[PDB]
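Have a look below at one chain only, the form deposited without this ligand, in structure tokens format.
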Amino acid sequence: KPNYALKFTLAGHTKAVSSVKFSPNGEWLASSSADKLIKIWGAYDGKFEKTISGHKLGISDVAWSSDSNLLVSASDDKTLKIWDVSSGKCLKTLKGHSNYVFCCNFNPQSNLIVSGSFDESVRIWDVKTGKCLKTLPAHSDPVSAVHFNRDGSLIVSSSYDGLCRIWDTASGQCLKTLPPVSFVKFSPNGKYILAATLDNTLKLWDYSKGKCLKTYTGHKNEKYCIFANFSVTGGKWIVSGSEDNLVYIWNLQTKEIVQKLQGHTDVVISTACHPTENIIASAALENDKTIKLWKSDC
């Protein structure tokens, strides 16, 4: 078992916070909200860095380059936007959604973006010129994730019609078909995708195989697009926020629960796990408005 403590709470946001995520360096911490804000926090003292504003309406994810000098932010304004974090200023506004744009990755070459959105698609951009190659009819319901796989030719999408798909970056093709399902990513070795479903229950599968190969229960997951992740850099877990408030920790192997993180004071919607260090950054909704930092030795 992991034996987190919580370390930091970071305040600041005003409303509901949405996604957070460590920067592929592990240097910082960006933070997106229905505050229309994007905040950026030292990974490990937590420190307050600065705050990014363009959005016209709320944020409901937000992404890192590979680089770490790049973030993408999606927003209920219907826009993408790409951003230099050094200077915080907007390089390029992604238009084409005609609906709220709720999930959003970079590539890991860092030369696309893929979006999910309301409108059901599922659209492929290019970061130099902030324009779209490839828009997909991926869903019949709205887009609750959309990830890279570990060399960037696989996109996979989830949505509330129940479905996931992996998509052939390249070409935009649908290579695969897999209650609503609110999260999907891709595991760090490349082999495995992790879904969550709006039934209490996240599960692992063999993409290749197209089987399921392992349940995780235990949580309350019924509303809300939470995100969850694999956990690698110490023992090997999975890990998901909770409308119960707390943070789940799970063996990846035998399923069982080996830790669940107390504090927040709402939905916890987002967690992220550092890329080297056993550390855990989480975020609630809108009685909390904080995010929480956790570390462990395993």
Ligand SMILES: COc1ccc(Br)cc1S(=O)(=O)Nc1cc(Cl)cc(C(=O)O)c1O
The other form holds:
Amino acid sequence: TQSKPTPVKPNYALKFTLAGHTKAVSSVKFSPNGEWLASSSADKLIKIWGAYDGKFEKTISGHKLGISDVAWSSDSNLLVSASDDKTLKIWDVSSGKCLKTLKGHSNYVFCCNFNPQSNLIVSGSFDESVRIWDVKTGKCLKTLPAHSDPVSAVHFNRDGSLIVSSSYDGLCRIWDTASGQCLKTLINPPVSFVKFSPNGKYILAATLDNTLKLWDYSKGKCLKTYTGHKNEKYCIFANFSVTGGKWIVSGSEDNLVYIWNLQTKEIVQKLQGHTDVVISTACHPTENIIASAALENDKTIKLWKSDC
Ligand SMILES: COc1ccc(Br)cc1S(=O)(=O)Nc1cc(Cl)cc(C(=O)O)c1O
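Next block, the form solved in complex with this ligand, ref. the form deposited without this ligand:
Now the full complex is given, and it begins with the chain already shown.
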């Protein structure tokens, strides 16, 4: 009577191409409430787009140099952005206004995230530090001497008690948010992306040898390896697709979006259409929708939808 769905490949297909950025796109993120897509770019702008119809909503401006990353608060009302101007900015998405500018990094800010409570922001920089910021006061709470090369990614776990960071130094580290102290170091190719898994027990890490790995960070054991894409140069995001079939999703330097079966590690789809490196992908929180974004020969975001 009641059965698990019969597994089938997904059928993501291009629905919309979102044009308007004038330099490379650097990140795309769906709002937690599913209504919006935010994009950031080397053109110093953030743009907001409808998640279901791709329709342009607004441009948010104020950074003085290019932006590498943007991230949503849990209530979908705020964004934080990380810029080459050495700052982060907190934005009210409804008004487009900059609420706070977070100063303290001494070089490009590359990555950022709110914690799920969204009272904190974590950032990673070319200055080799991770900073933890108070959203309400806009002040830095802690500076972690996290790495010995630029920090490529930072992510909180579900209850915000842990931060995972990655770096070109070849390390992934797990930090205690409350104290800022290191809990674990996983180890030497540059690590270009990392995030916690949906069950909170694993980390998904990209390295610049064309490889994604799923690690049990407590045990220090690699559970799965995903290959077939191209990744030797850029920090390319990777995602867990949790709405339908269990997939891993990533961009690639051969201009494709790759989708793998989580368990078997087989490639189940490659999405064709971009004309430069796909630097960022995002998975919609409740529907089978992927956003992808590309570098400066392309400069567009594409929205892809699957029936399962
Ligand atoms: C509930 O967790 C997940 C849900 C969706 C995705 Br996509 C990934 C995870 S996970 O946190 O990565 N856990 C996980 C890891 C592996 Cl290798 C296999 C399985 C499996 O169900 O066969 C699995 O659940």
